[PDB]
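In structure tokens, the next block holds one chain alone, the form deposited without the ligand.
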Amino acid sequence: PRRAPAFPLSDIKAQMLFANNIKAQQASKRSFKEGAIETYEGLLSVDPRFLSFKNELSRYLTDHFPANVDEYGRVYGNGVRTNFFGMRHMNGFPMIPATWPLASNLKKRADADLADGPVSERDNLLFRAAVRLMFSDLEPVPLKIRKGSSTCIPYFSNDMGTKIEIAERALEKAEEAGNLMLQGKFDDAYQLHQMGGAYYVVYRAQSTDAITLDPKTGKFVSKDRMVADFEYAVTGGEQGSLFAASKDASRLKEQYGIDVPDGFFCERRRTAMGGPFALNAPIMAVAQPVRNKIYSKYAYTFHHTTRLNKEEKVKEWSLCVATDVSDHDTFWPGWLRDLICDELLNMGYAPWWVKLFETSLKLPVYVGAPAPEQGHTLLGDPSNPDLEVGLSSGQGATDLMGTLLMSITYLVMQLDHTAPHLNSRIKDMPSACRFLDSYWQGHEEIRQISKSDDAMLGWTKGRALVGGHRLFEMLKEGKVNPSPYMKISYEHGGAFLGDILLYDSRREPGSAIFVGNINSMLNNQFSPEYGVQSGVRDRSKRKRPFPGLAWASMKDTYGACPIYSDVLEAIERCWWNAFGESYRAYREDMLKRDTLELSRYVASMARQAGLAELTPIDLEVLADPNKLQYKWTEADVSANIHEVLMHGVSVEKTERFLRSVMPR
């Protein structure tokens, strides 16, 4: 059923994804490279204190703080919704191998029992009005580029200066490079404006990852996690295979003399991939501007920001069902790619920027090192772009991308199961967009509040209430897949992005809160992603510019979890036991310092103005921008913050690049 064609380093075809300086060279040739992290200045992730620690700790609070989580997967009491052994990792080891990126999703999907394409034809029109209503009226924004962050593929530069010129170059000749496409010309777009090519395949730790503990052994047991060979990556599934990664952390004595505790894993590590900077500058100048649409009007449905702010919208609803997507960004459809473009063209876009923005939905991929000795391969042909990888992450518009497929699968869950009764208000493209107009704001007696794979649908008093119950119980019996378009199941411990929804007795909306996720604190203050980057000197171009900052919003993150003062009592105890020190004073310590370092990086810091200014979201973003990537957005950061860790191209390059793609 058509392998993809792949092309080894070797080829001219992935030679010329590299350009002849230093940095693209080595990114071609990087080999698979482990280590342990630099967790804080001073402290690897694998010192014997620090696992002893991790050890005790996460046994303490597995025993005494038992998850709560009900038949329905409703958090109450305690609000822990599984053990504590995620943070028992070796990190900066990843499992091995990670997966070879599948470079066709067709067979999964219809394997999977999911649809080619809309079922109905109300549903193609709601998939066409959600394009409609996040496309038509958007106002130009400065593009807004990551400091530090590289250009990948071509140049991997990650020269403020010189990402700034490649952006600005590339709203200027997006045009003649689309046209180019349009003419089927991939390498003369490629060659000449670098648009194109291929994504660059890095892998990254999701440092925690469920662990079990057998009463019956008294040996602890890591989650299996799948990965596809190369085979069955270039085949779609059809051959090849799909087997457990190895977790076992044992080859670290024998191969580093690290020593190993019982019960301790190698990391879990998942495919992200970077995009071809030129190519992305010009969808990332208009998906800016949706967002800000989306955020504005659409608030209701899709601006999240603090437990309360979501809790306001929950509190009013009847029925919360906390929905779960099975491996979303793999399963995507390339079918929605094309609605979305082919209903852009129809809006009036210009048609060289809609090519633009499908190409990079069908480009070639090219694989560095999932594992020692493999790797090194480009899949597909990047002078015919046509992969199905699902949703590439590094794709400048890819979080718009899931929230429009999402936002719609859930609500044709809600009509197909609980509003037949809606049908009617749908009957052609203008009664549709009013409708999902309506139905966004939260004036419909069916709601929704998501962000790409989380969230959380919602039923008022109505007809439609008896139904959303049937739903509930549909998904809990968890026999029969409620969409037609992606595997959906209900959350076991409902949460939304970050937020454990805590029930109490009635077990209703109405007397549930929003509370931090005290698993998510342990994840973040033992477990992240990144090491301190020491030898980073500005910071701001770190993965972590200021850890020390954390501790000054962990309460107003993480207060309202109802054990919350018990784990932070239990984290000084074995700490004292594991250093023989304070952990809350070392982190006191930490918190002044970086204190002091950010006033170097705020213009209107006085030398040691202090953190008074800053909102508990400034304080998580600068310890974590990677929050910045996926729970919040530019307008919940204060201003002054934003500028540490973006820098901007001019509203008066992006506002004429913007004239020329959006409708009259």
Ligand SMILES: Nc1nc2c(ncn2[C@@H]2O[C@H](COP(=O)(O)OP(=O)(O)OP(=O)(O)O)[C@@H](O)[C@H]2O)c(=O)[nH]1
Given for the second form:
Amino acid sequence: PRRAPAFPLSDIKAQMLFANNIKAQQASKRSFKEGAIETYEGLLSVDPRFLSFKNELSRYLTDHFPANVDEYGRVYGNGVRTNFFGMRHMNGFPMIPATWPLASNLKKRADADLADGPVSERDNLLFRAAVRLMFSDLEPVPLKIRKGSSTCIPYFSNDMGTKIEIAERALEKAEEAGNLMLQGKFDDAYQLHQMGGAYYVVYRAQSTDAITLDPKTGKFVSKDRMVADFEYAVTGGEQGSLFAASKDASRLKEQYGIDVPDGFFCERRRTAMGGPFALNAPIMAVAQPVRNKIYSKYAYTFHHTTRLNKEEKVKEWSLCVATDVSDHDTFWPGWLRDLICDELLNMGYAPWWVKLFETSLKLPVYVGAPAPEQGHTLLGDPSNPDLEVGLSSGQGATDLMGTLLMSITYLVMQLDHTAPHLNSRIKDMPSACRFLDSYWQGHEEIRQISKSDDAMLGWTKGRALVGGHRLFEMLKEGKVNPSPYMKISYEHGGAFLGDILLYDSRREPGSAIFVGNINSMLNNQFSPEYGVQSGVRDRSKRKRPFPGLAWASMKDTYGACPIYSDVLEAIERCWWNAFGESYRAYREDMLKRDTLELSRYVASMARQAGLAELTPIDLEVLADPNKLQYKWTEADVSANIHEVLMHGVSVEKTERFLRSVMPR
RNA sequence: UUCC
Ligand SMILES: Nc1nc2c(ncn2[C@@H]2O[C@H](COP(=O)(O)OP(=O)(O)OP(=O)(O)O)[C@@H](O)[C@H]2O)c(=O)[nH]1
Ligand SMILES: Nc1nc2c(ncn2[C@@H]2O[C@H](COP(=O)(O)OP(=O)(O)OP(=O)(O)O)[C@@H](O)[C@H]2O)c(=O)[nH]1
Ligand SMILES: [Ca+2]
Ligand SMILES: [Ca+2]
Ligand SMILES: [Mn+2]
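For comparison with the form deposited without the ligand, would you give the structure of this protein in the form solved in complex with the ligand?
Entire complex below, previous chain first.
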């Protein structure tokens, strides 16, 4: 309770956030904007033929293939875990009130009965152990930058050249600034090395949310989505309201003269931080090496590539629970940040860098335009970083923050309800590192596989096993939250990292298999999160460089699905039905075309040799480079293919930097 | 042209 400082774009504090160039300026002023997307080149998400197709196809599947999810959120049968009404959105038009970020989430947490720090000393050691194991013996790698991404505040450059400069410069003066912040001279810090200021709110829209058909009425329903209005966000819950955004698509007709079929809605719009690159870089410089560690040494619980690779691990469990956290980001504890920095200091990380890290995690945020007639407000004074927004997504290590948190959270959920007999193994700090280390390599009778908040908890034949079953039962009755840190619960129709866990009549981690989620396929093919940006000349700077290729890796990724074959026909039909064309064909050309274009961007790729030596991963990643942020890493992607989408800095330079940072 |  304090009420955070807000400033209008006019205020000098806001002005200082955007540089004296066009891109910057325009970003500061950009107003609300919506509109159809080019789902595929030449086709609009709103084309009648298409909406019609979407309407027919979505009903037919929902009708003919109802989910096969048991009383325990385990999917069996057809692998369908929910209706296919996902696609019924006007991709391009967001739900309208689109939320404001909270200046502070303490009340939010408290009011949800979640701790304001480790509750037991054990946990305190476990969290710190996670910090220890994770930032331990890190090994330097080039700092790689996504091509065509915006440096955001204060420049907003798109230019790989300019970025590499900003970055190299950053790693250079990174220490200077920061020692500057230790002195509390946050402004000097930003003015001289543009490290600070604020995050720039960016609205990644999730093209498909819950939509249902009330048999009773005959009309559809959109899962209400709660959004906090300004007053709410500034007071952190104290005043203001928190209502549902308006997903009604009818407006589209009166506004833009677009025929909106019944049961079609505006999409859900998640918000996300555009991090000040000057700052975000010195962080990524360390983040990636950490990534490399946990993904290697602790690959059992952290590195998951294929649906068979996962299957392997879960096959040996005697119990497998698919957990679920909702609104992970806004709940993320401020104290885990401070805990972490503290441990990092103890471990011996240069202060200034830790100080950069900290600041990075309590920075103000500039809200663009959440709705028509809104925004252009900067929350939190940048001269004195003190926000508690939870976990600012743009941040260089947002994925590591989410795991360091939930991994320990989950293990603690297991220690708490199924393996008391294990506590004695966690006496001092070391014992903890030792134990956590074992747990992470998948060597205890309790096991885990995760990514930030997505995970699967397992128990092997042993003592805990009986406890496990109790926990699972608790999550089903779900009248009680099993954790003191986050609100956890069982995932109805459990799946991990995009593949669905398909049990059979036996219902055991043993005879169960993993299969790509079919709905995911449908959503990806007919409900892209971004359009094809045919405007953008350089395809490697687009959100979907090579849309067409995804067709190749399709049979592969979604092959294992039970009703696969069927779906492909339902489509073929419904498509041919509303277009006269054959979908199979469409994608086949698209594939052929894109395959050619690709060879232009890939060197070794003989300027016509086939997709020959490209791995499926390589494909889905070229059709969607965003997946390189979560589901895959530099290592699971073909060498040269990675160069297409990324560009790094001289190792000689990042290495020199990494050295000055880490514990001597 | 708006993030990891
Ligand atoms: N930088 C970034 N991270 C993202 C983005 N989307 C999801 N994430 C990552 O995903 C996590 C959020 O978990 P999700 O399951 O996607 O969503 P959520 O906000 O937790 O809650 P629900 O969507 O309601 O289940 C965070 O830890 C973020 O780091 C995005 O657009 N940008
Ligand atoms: N850093 C980051 N993490 C993400 C992003 N999207 C998802 N994640 C993380 O990865 C997990 C699985 O993400 P999902 O969106 O459920 O799965 P998916 O592989 O994209 O498959 P679909 O269901 O088809 O969208 C999440 O729990 C998040 O923590 C993203 O843009 N950035
Ligand atoms: Ca979640
Ligand atoms: Ca996703
Ligand atoms: Mn899951």
